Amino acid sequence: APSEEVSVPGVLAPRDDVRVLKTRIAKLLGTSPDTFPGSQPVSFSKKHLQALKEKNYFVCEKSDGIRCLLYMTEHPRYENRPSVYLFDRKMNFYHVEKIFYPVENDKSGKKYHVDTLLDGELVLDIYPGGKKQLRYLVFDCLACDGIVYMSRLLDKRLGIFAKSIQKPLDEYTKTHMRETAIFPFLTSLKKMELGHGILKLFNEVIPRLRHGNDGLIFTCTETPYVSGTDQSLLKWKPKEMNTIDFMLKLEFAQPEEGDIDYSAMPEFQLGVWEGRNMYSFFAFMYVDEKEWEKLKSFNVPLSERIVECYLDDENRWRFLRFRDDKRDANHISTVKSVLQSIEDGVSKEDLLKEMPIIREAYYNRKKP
């Protein structure tokens, strides 16, 4: 019976704290306090294949987890108290107690970072023995130690973070084992390849990951950091990632004579939630005999329940897992949106075929 992660380590901060934080960040970056300063990517379409040939790009595995900005500052209440806050795109602030970030070449160990805004993702790695480890992967930096690098390019944005934050953290980590083992998570820089290193991610990086994955991310290294939707930031996903939740109904045809043989394969009808109580027939869920005997091996009710399905390479929906939590299937709007996402976007093949050209075009515009 297939069914079903990571969560923010901190605890929700009080309103009179998050308002002060919002104001402080707003004054630092020069944006609206309630407006999320982070960036959001766009769907990778065909027109981007040309884009990768006209600009320098960085590609990295798009891990699945919680995207949230990290903020090193002083506690809103107490005057001098080093504090770290994680906040998502919905502006929900979480105070991460029990964590610090060493300053470069700090003999005393009392120095701490302020006005430091990092852009990263929260993932959950699986180590040998089933032992889990929460991790924070940094892929950008909006501000560091009081300086706003949003006007700068990616190499400098990651460079300053590498020098003033990551390196002292590693230096501290390699000497202090037990101290590091108390951290709510391990902060590390995300492994990134060149825009044409796609293949390397497919055959080496991704299959050796310790956490989940859904597609790739292309980050332009020739563009400044942009709050909100970024045209240079591209999110690519193969067809199998676009999953839709349907209502499953097993239709056993009425036999010519005798009682219905349920051992025989029925029609797996998938329905979409339209109204509030009204569903509508959408498509069929393809199941072969091995998979059918597999379904009867669960010995659970199959009909009348939510299921998660994906489009295979043959453009037919296959069973993935049950959705015991979902009250209703995906609304017709969501279904339409996903169908549009599948209709658009570049295939893995047509994306790979363009790599040798992107590589040479990159080495061609290269600075001597």
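Basically, rigid core = biggest C-alpha set you can superpose within 1.5 Å across the two forms. Positions refer to the first chain, counted from 1. Residues that one form lacks are left out of the comparison. Compared with the form deposited in another entry:
For the set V84, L169, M192, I244, a Cα shift of at least 2 angstroms between the two forms, after rigid core superposition, holds for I244 and for no other residue. Here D328 counts as shifted, since its C-alpha moves by at least 2 Å between the two forms after the core is aligned. Relative to the superposed core, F319 undergoes a C-alpha shift of no less than 2 Å between the two forms.
Taking the rigid core as fixed, one finds a CA shift for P255 of 2 Å or more between the two forms. Core-superposed comparison between the two forms places the runs of three or more consecutive residues whose CA atoms all shift by 2 angstroms or more at 1 to 4, 243 to 344, listed in sequence order.
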Given for the second form:
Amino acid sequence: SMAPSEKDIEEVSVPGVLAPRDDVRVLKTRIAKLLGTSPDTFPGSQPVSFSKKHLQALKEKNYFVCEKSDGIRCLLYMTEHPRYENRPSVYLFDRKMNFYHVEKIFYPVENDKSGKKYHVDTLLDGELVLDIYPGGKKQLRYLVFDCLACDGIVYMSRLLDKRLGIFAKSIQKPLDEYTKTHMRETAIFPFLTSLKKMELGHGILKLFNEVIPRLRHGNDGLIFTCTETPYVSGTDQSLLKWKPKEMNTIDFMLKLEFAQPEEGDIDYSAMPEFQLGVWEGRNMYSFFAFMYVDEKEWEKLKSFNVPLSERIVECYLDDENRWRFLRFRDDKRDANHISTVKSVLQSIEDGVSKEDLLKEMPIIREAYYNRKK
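Follow the form deposited in one PDB entry with the form deposited in another entry, if you could.
Below: the lone chain, stripped of partners and molecules.
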């Protein structure tokens, strides 16, 4: 068995080319003008970590819940090419404001038989995911979960119902019409676009047992979306991300220390100590914890026949709150910075266990129907 690394991870790549710097300046300014935001500042929302107080939040307001997809969070911008105004252009950009130009993509306009009209000043929020099919068939897909602007009109002040509603009618529906009668053309698309399916807030058990295990892309927990709130740029206290403790991983520097016995030479077959270190900055590392490795686990690590010491590893906390090896991270310059470590640990400390989340569901649902009067 080869040593597990990030090379095992199904990697999602934005199917496009980085837009040139001068083009990006135009796009940022243009987006800022429409939204009323700041050009250099990402206008998308960011969720907060689910904590204990959020059990009451779900009890007080209408919420949707869906699977938190593994993939890349991207906003989609339909506009004209900054250099060629006669050229329709689609951009996907992330929270670091990296703009990618996507080609061979097509978003039809309603009731247009020419297929030459196009959308401008339209901004979607969603996630690019990679669905796996049998025979190594892979399908890139853009799951839409919000709309900031459609056809020149900003919908950020409206609630989720109107926001997703306008996207479904003006974008998805005509696209659905086109796709049904143009499967040959559709296959050229770098990715397929669809509205992300959501459940009522109290329906997480259905997600756990029926939806999630049938997914064709990576899952990373749950996202809760309030339906009584406007779109918020930046940190949105109404938008909640929930993750099991095992998914709240941290990258450490691993060091092995073998005990020198009183008499004779060191038995290197014997279990050493597994020290986990945290990056303090530059080249400074400090001791943080011991990694728990059982006897059979130690045999597997030896079976890898790769260097174990002085390496970045990804670790998680088990049921007994012991740090456990998950995979090597050869894609990292350093371990997680102490500030990042503290932040992840805080999400866990304030966290709600899966069990406690489920036991709260009846109360949540009950209050949902008592609001429905």
